[PDB]
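The structure follows.
With one protein chain held back, the other chains of the complex are shown just where they sit.
As written, the chains take the letters A and B, and residue 1 is the first residue of each chain.
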Amino acid sequence: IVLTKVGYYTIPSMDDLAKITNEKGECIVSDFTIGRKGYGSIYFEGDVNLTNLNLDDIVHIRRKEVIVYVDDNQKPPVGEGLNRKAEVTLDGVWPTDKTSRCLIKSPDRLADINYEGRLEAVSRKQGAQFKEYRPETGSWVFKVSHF
Amino acid sequence: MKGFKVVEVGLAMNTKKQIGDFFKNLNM
Partner (left out) sequence: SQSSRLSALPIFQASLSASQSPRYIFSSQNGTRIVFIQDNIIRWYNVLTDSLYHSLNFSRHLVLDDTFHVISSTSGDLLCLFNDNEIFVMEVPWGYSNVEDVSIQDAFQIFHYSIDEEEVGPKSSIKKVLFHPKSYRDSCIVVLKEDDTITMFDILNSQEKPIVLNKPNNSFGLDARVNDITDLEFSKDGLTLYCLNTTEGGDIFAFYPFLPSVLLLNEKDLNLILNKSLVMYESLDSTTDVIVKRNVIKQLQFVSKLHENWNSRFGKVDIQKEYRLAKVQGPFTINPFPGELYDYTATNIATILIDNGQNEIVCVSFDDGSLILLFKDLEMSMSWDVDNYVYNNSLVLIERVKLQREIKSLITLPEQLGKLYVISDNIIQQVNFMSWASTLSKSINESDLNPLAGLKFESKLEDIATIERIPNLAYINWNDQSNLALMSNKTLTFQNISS
């Protein structure tokens, strides 16, 4: 297990993962979470098999987007490595003004233009399951069958 | 040296940009 890259964390954190690490190197915690502070977070519910997995090359979180497993290189089977179901939360997601590219963060205009559905139809078309969109933090959460 | 057409092109280009400001203010 490795987690360098600036901002990235975990729940349980990397310290709380040094304790629950099996007497062989078999780290398998349940209700695991990760993500870059301020950008997003991916919540893997239930049991997970983190048995020595390089998070540095597995998870990436840029604004409005997320990447799990660089491509499909070592992309473990559906339910193996990390290629399991989860609940992503990308934050700081807002529409932009057409005159000054400004971020519309106003819960009003946000609701007037219905950023909701627009963001939903993008989850639909992405094979994911829309969940919700919190205006205040520009949080957009959706569920995916795998990664 | 000296430019002939290319110069004209820049003028044109610039002018379109000038026109840009027109409509930006002409409204609000």
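Quick note on the criterion: contacts are C-beta pairs under 8 Å (C-beta built on N, C-alpha and C of every residue); 3 or more make two chains touch, one makes a residue touch a chain.
Residues touching the missing chain, restricted to chain B, are 5-6, 9-20, 22-24, 27-28 (touch as defined at the top). As for the chain not pictured, it touches chain A at residues 64-67, 71-72, 88, 90, 93, 95-96, 98-101, 109, 112-114, 118, 121-123, 125-126, 128, 140, 142, 144.
The rule is simple: only the chains that are shown with their structure count from here on.
One finds 47 Å separating the Cα centroids of chain A and chain B.
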